[PDB]
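Residues per chain, in single letters:
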Amino acid sequence: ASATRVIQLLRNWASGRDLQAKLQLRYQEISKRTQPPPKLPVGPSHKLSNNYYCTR
Amino acid sequence: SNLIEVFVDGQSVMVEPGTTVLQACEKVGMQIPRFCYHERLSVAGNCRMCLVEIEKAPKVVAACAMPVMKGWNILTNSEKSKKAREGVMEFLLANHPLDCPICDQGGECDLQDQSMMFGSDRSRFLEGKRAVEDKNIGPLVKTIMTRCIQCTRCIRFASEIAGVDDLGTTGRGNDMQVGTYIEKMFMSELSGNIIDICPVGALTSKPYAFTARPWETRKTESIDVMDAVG
Ligand code: SF4
Ligand code: SF4
Ligand code: FES
Ligand SMILES: [Mg+2]
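Just so you know, the sequences run in chain order R and F. In terms of our numbering, the first sequence opens at residue 1 and continues consecutively. In terms of our numbering, the second sequence opens at residue 57 and continues consecutively.
Calculated directly from the structure, the hints in this document are not laboratory data.
Some residues of chain F that are not near chain R, with every Cβ distance over 10 Å (derived):
hint : residue
1    : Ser-68
2    : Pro-114
3    : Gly-162
4    : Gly-163
5    : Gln-168
6    : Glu-189
7    : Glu-239
8    : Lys-240
9    : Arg-274
Far from chain R, by Cβ distances over 10 Å, these chain F residues were calculated:
hint : residue
10   : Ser-57
11   : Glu-82
12   : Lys-83
13   : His-94
14   : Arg-104
15   : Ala-150
16   : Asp-155
17   : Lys-191
18   : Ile-200
19   : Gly-219
20   : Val-220
21   : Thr-267
22   : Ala-284
Below, computed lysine to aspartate or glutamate pairings styled on EDC-like, alpha-carbon distance capped at 20 Å:
hint : chain 1 : residue 1 : chain 2 : residue 2
23   : F       : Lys-198   : F       : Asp-252
24   : R       : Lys-47    : F       : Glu-183
25   : F       : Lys-139   : F       : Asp-177
26   : R       : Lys-47    : F       : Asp-177
27   : F       : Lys-262   : F       : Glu-189
28   : R       : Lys-47    : F       : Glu-146
29   : R       : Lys-47    : F       : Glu-142
30   : F       : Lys-126   : F       : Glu-72
31   : F       : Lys-185   : F       : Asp-231
32   : F       : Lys-138   : F       : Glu-82
33   : F       : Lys-83    : F       : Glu-61
34   : F       : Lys-138   : F       : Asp-177
Just so you know, even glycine gets a beta-carbon here, dropped at the ideal spot from N, CA and C.
Between the sequences and the hints, there should be enough to build the whole structure, so can you do that?
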């Protein structure tokens, strides 16, 4: 946050806890809005043999 | 009298001599999967979807063409029968085109439904598909032969029911094609029926094309007045 240190002290004394450690507003620690592409594995029934449907 | 006793999954049935395995199965309410067999046409036996295991026999038999024998126990839901069905469905679908969204047969397709009920749920075919050229047989029957599965139902109907020998197969092997081999209209007073007998979207109605889906339609059972046959 952009609050001055006196206001930080007043907030921490009024609430009784250090508010600057755990802020309600999220600033820059969240994930990027652009992500690399995924790969997404397939599954257990994607075999080429020994995979007759009557057995599963 | 002359009735013989067979068994469907251990249930005794009395049948007339000459009854096939499929008909014996039908008697107890079990419908065998089929593509080439039609009960009003000659027996063909080429599609191989009707293979079923006879107890104590190592080879599966074609239910549509094999007469039953006294004391036979037909196993309609055994491992051998199900594996035969899955293999035949896989072979049928290997070269079939991915046409369901644009195919008029979609929603009332025997291929689709029997793949859902008796086939596998996925593919392992890693090659290219065949594509065949289309044929013109008149303004009534629309033809897309890449969807053909070579059951020869249309040929048998044309020869037997309509009395017209214009339909046949040319080539052999994977290249065998159903058609007339020349530009010729299959024009008969009963020609449109080959749309109904064709199990896939290979033959469709041209006036009906692209207009509706089967699940939308409401069915009203009534009578025809275009002649006095009723
Ligand atoms: S004939 Fe049946 S399986 Fe083939 S594309 Fe048409 S709806 Fe799909
Ligand atoms: S056109 Fe239809 S009825 Fe004729 S052989 Fe092909 S799939 Fe069978
Ligand atoms: S239905 Fe028997 S082989 Fe086709
Ligand atoms: Mg059809």
